[PDB]
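**Student:** Listed here are the chains, written in short residue letters.
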Amino acid sequence: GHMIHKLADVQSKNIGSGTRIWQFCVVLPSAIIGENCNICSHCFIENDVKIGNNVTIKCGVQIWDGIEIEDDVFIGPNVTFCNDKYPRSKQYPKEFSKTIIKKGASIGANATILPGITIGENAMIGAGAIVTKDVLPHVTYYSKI
Amino acid sequence: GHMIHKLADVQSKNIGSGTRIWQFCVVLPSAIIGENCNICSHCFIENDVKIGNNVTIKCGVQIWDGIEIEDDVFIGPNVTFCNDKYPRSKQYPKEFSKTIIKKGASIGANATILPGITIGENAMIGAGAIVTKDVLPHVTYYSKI
Amino acid sequence: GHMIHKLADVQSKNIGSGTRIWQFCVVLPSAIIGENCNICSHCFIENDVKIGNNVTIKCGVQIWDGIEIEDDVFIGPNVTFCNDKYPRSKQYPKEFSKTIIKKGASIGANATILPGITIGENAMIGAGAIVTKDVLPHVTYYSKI
Ligand SMILES: CC(C)(COP(=O)(O)OP(=O)(O)OC[C@H]1O[C@@H](n2cnc3c(N)ncnc32)[C@H](O)[C@@H]1OP(=O)(O)O)[C@@H](O)C(=O)NCCC(=O)NCCS
Ligand SMILES: CC(C)(COP(=O)(O)OP(=O)(O)OC[C@H]1O[C@@H](n2cnc3c(N)ncnc32)[C@H](O)[C@@H]1OP(=O)(O)O)[C@@H](O)C(=O)NCCC(=O)NCCS
Ligand SMILES: CC(C)(COP(=O)(O)OP(=O)(O)OC[C@H]1O[C@@H](n2cnc3c(N)ncnc32)[C@H](O)[C@@H]1OP(=O)(O)O)[C@@H](O)C(=O)NCCC(=O)NCCS
Ligand SMILES: Cc1cn([C@H]2C[C@H](O)[C@@H](COP(=O)(O)OP(=O)(O)O[C@H]3O[C@H](C)[C@@H](O)[C@H](N)[C@H]3O)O2)c(=O)[nH]c1=O
Ligand SMILES: Cc1cn([C@H]2C[C@H](O)[C@@H](COP(=O)(O)OP(=O)(O)O[C@H]3O[C@H](C)[C@@H](O)[C@H](N)[C@H]3O)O2)c(=O)[nH]c1=O
Ligand SMILES: Cc1cn([C@H]2C[C@H](O)[C@@H](COP(=O)(O)OP(=O)(O)O[C@H]3O[C@H](C)[C@@H](O)[C@H](N)[C@H]3O)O2)c(=O)[nH]c1=O
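Protein chains in written order, with PDB author numbering: chain A, -1 to 143; chain A', -1 to 143; chain A'', -1 to 143. A prime marks a further copy of an entry chain.
Source of the hints: derived by calculation from the structure; they are not laboratory data. Heads up, the beta-carbon is just placed ideally off N, CA and C, and yes, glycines get one too. Each hint should be verified, as a subset may be incorrect.
Cβ-to-Cβ under 7 angstroms is the rule here; a few derived chain A'' residues that face chain A' [stated by the list, open to error]:
(1) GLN9
(2) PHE42
(3) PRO85
(4) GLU93
(5) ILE128
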């Protein structure tokens, strides 16, 4: 009982009941997605990826290898994640940096999350923020304009 | 006399003459789009949405419920809008916050527009800006780097 | 010997051996793309565009007319480029501003590159940065948070 749009390319069988995956999403085979998620249009979800239950991923987000999203997380549109702190074309690290977005946290629209980051339970990341350090549980963080 | 790309999912009949809607766009049924718009690839346009005439929406933009775009507006690529100031997964507000981008205004590439915002007529929003307060008509606003 | 995903719209024949172009990409006819590039999902590549060899373009990037990418460049996800410094809807300039990203340079996730910019060889642009001035060769530049 999950809904995969005919215009998505979903290669993972590991998708929970109630989850919706919308148009022009790519989901690679090893991705794990929980129950009652909403994966909005134009998202990319790689292999070494775990996403919990009741997660909302708005449009235009990519979830790279090494990223874990816990239950009840909200990820705003065009939010960007990283798994490589010093990227150079065709220079593959032995191991990708890991990011974890902990239960109930929310990431505002168009925020940028550096590699290796923990965002604590129920944190709120302001729209457009750059997150270069871990954010503590329940903290509201935004970049000064 | 409007052009919907075969690789778009356009569900709205409310689309003006001369409008182009490009590959991998999603446009939901209640969306209103005026004449001679250009809705570039990879855009998402929701239901409670009004877009005027001669509007340019570059690639990778989402126009959420509660957002109105007036005539002659330019929206740069990967510009992000918001309709929920304190987003939590599966916590639906009674009413979405409204944003209006007034006639002739321009929003630079990758800008972030907070919910509830008015951008005045002929304003210019710098590339990458975070807009947390209304922008007055004809004002050039950008976030200090 | 190049791989074009069946869910991409690639109109250019000017694509080097070993290049991969993934789902939901648009590549217009005059685009030039070198050998062993990886053009990830959800990218847009216009006509007056030259991209060298061994270039990585992560998801959700648009490469506009007037932009040149040299060999061995890395472009992070949701990176945004510009070819028009004072955009107004339907006001087409005689000439688009040119941007060049020089050999081996890397642009972090969700960075914004203003029009007319040179990013020098082997530079590193931090995630989320706004680049309003040329970046010198081998320099690490990021926007203060
Ligand atoms: C971070 C946020 C929760 C803060 O809301 P708040 O605590 O009510 O803060 P206020 O609106 O009272 O603003 C306090 C100050 O911080 C600034 N500020 C607020 N959000 C900001 C942001 N995202 N980036 C930068 N500055 C921000 C305001 O400009 C204000 O500055 P001032 O004191 O100089 O006037 C909210 O503004 C936000 O970014 N929400 C996320 C929206 C979103 O992305 N939704 C998902 C898509 S719908
Ligand atoms: C905002 C904008 C219109 C200002 O242009 P301008 O008034 O000619 O300003 P200048 O280039 O003279 O720059 C003035 C100062 O503001 C800074 N600045 C300009 N644009 C900025 C931006 N978007 N964000 C942050 N700082 C910016 C410059 O770095 C310069 O700083 P300095 O005085 O310390 O050297 C322009 O830079 C811009 O962002 N244009 C939008 C481009 C775009 O997104 N096009 C759509 C896609 S093609
Ligand atoms: C720019 C970058 C290379 C700098 O790494 P570094 O030189 O190791 O810098 P550090 O982590 O030691 O940070 C130095 C300081 O700059 C700040 N900083 C680092 N990167 C920043 C960024 N992108 N934006 C703003 N501030 C940043 C840190 O917060 C720190 O501030 P502090 O001294 O006040 O504590 C790196 O942080 C980065 O942005 N990498 C790109 C990641 C990416 O986009 N990958 C592609 C997708 S996988
Ligand atoms: C019909 C349809 C829907 N969608 C996605 C995008 C659309 O905004 C979303 C609607 O589902 P929802 O469950 O009503 O909304 P969601 O939980 O994703 O987000 C909404 O509610 C939260 C609470 C707000 O913060 C958010 N800003 C809202 O968009 O599903 C698509 O991507 N394609 C579609 O065709
Ligand atoms: C052929 C084709 C076009 N498009 C979109 C994306 C492409 O950049 C645009 C070209 O149409 P246009 O009317 O020539 O250009 P637009 O008005 O969108 O923007 C151009 O002009 C304005 C004035 C500049 O600020 C802007 N930076 C330019 O891109 O249409 C697509 O999305 N897919 C396509 O296949
Ligand atoms: C199978 C498949 C792959 N891709 C794209 C997106 C995916 O992340 C990438 C994998 O190819 P790669 O050559 O393994 O990785 P890439 O060089 O693009 O990037 C990886 O390595 C560099 C060194 C890191 O900085 C980067 N963060 C990594 O993603 O190819 C797609 O877009 N669709 C797909 O179906």
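**Student:** For each hint, tell me whether it holds in the structure or not.
**Tutor:** Hint check results:
1. Given hint, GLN9 of chain A'' at the interface with chain A', is violated; its Cβ is 11 angstroms from that chain's nearest Cβ, farther than 7 angstroms.
2. Annotation: interface hint on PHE42 of chain A'' holds; nearest CB of chain A' at approximately 5 angstroms, less than 7 angstroms.
3. Annotation: interface hint on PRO85 of chain A'' holds; nearest CB of chain A' at approximately 5 angstroms, less than 7 angstroms.
4. Interface hint status for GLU93 of chain A'': violated, as the beta-carbon distance to the closest one in chain A' is roughly 18 angstroms, over 7 angstroms.
5. At its closest, the beta carbon of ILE128 of chain A'' sits 4 angstroms from a beta carbon of chain A'; the interface hint therefore holds under the 7 angstroms criterion.
The earlier numbered hints that this structure contradicts are 1, 4.
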